[PDB]
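In the block that follows, a single chain appears as structure tokens, in the form deposited in one PDB entry.
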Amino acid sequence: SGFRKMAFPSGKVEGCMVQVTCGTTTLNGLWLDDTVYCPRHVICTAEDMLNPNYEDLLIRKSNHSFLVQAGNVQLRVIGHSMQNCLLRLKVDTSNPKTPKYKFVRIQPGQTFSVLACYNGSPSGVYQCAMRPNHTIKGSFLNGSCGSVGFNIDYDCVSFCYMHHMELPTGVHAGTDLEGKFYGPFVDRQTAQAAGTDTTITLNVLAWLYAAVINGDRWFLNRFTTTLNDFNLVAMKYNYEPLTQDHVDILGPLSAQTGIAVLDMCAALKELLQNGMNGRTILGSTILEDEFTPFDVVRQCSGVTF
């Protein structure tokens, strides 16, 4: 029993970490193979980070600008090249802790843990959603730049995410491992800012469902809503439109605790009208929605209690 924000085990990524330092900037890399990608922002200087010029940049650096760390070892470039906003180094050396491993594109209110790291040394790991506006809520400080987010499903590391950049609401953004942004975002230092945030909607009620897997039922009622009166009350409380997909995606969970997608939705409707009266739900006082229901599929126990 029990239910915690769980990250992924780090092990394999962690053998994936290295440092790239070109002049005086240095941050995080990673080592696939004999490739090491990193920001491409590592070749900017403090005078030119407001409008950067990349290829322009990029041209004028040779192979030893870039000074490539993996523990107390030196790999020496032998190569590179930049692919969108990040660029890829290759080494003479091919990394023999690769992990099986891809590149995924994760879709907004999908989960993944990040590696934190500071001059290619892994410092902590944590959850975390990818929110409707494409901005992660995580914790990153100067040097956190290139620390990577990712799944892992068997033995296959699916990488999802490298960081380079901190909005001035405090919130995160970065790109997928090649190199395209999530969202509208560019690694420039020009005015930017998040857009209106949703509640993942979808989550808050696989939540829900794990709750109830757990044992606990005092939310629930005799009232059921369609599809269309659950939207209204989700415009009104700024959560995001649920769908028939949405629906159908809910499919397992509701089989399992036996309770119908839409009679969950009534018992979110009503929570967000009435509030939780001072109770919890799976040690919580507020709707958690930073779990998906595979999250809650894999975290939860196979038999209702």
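So that the term is clear: the rigid core is the largest set of C-alpha atoms that superpose within 1.5 Å between two forms. Positions refer to the first chain, counted from 1. Compared with the form deposited in another entry:
Superposition on the rigid core between these two forms places the CA atom of residue 9 less than 2 Å from its counterpart. Positional change of residue 124 between these two forms stays under 2 Å at the C-alpha, relative to the superposed core.
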Contents of the next structure:
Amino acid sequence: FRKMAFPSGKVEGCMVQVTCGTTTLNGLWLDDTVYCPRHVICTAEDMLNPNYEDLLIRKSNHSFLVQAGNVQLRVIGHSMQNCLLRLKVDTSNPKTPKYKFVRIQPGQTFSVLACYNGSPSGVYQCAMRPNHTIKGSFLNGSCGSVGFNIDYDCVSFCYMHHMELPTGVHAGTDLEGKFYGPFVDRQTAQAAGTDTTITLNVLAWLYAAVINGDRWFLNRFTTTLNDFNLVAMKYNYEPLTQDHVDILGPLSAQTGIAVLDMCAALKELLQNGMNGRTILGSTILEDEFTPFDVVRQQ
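For comparison with the form deposited in one PDB entry, kindly provide the form deposited in another entry.
The text that comes after this line covers the one chain and nothing more.
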């Protein structure tokens, strides 16, 4: 069982470089639109608070240097959408795939194409956390990198990188420029809400461990959903919904362990702890491996 990313070629054909003054970041080229974080226009204005509507009226189309590989693209118009700029260019991307813009929900995963200077350097898998952060790997120059999923040749773009919190996690927006979480694009230290554990995915991981022949943690206690949810919240675990219990159906049928019986297993692990025991090799319960991942890889 291992975390896999979606193949990145459909997105690589869209990455570009957007430069204002001495500041440059990544943008996404779809048809005749380039999307990028709006703070490419900042010149130290980012410190404290920038007035984006003022900075933007003060900018000409010629001040935007947009480069796709070797080619410079002429900016024909610009308008601001939330925390993103939409740049109109004179040529439509010959490599635009079928795409949509989606708002990823907590607990769901996506692939990140980390880019620097409009050039992709790496691909990895991420989870949107309940507190609306992601545990990414992003260095200076990463802003504008996108997260995405791919279904039947259609790219679902769900994220654009904007910032790294003081704790080392990362924050950003969907492709309409709406931030995930309560963060704002200014140069300030910001704090995320307490980060809860994705219970649906821990449970999925437990199911994967049982499929792997590792079942020391099972027991014969019973729990109701309500009584499991009250214990889980005491340990900063997300409560389980009835939809989540359904999502776990195929895995519970495959192993013969009823979902609520696995909850009774997890409940004991929360209350008694691992005690040095290991699950799939780790003393830590993994929560970024989804039931879909377990299902596909079993």
